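Engineer: Throw the hints in and build the complete structure from the sequences for me.
Each chain, letter by letter, is given below.
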Amino acid sequence: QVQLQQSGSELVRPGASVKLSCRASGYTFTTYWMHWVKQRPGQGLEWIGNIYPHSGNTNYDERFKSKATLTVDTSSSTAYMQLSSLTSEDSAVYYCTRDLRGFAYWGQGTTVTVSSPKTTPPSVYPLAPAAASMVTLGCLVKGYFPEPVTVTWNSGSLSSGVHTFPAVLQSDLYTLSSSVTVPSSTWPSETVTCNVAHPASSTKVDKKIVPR
Amino acid sequence: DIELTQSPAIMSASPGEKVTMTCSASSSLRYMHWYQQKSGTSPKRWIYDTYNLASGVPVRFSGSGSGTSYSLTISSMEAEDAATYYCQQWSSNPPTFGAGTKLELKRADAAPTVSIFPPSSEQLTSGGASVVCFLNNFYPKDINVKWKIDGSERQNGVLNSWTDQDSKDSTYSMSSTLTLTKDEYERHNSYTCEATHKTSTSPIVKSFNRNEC
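Chains as they are written, first to last, in the authors' numbering: chain H, 1 to 130, 135 to 216; chain L, 1 to 213.
Some hints could be false.
[What the hints assert, rightly or not] Under the rule of at most 27 angstroms between Cα atoms (straight-line distance), these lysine-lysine pairs were calculated in the BS3-like manner: (1) L:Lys182 - H:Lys208; (2) H:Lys19 - L:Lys44; (3) H:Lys212 - L:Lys182; (4) H:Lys146 - L:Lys141; (5) L:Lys182 - H:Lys211.
Just so you know, the hints here were simulated from the structure itself, not pulled from any lab data.
Structural biologist: In structure tokens:
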């Protein structure tokens with residue numbers, strides 16, 4: 001089987017050269033076309049270019065030229081797809097399609113958000129009402149800058165009615181939601197908490213939910 | 001001039017009906033590829049060389065289409081035929097490829113619940129005012145939402161997030177949420193939401209005031 005997946009890259013300070021590392025080793029070595037598929041959060045699938053290992057011929061496309069190089073090294077069997085002189089529009093999921101009659105062998109992909117930002121910690125605010137059989141719960145997140153965030157409810161014991169809401173953008177700050185439904189026999193009987201985490205700022209915020 | 005995509009945007013079909021796709025191309029080709037790109041996960045291969053096969057695609061999937069028009073027809077929709085399908089064509093000046101065809105298994109249309117939440121003490125001490133009304137478990141996708149406070153409408157700071165498709169209920173759940181500041185909350189009293197939906201005639205409306213604690 002073509003092992004294993006692609007690598008990860010985080011936000012890099014502007015001016016340095018980041019580098020992806022696409023680690024498909026399913027040899028088949030080394031005569032194929034490693035075409036890199038890139039897709040925005042606008043759900044459109046675009047093409048970043050391909051590379052050929054037997055002689056060394058790369059390619060490019062009009063919306064990603066100058067200077068996205070696709071270097072090849074058959075000793076390590078990796079394909080490099082990072083673009084320098086970048087802007088913030090390169091914040092998109094970056095796949096790795098191998099060559100067949102179609103685009104059959106993809107990778108798993110990585111999203112690389114690049115800017116000159118500041119990593120902000122999250123802050124759990126209690127969403128609790130101040135009557136009926138079941139009440140929906142939740143705790144709002146407001147103002148975390150990089151897209152790594154964590155979603156838990158009771159650390160793996162009340163993950164039934166957790167709806168995963170997107171962090172749509174306003175004022176350059178991500179705002180998602182995580183609402184869970186509780187029955188009246190456990191509220192306010194057991195102490196419910198929500199614990200979110202930010203890997204990029206390495207900050208943990210917790211809050212216990214109280215009836216107001 | 002010049003973009004190429006699949007012609008119908010968002011489809012919907014109950015398990016048992018005909019699902020026929022339609023791709024439009026800016027330039028002619030000979031072979032056409034078709035995929036099954038689920039949400040969050042990497043795409044797979046579904047139909048290549050306009051008809052042939054895949055690794056795990058069943059025998060009911062059929063496809064054709066030559067020139068600038070392609071068509072991948074599902075014979076009968078099952079529980080595993082709900083994916084965003086895109087097409088492709090290798091080139092020699094790529095067109096480029098299309099967007100993807102989102103489609104949802106149809107069922108009985110359900111009326112939501114609208115849960116408005118009052119902001120607690122800790123938010124106003126930090127200095128925030130975020131009033132929500134979570135629309136949960138509705139069908140279909142479309143709701144023309146309205147935020148009106150104290151008689152007149154309000155559309156500034158209104159944010160809308162869409163939790164993706166569920167597997168046990170097979171419905172959608174929204175977060176209708178506007179954001180204000182701590183001084184704009186103490187001048188308005190009744191915070192409410194109307195969910196205009198095609199199931200119920202009147203939108204369900206809940207009311208609460210600020211002078212009670």
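Engineer: Any hints this thing doesn't respect? Which numbers, in order?
Structural biologist: none
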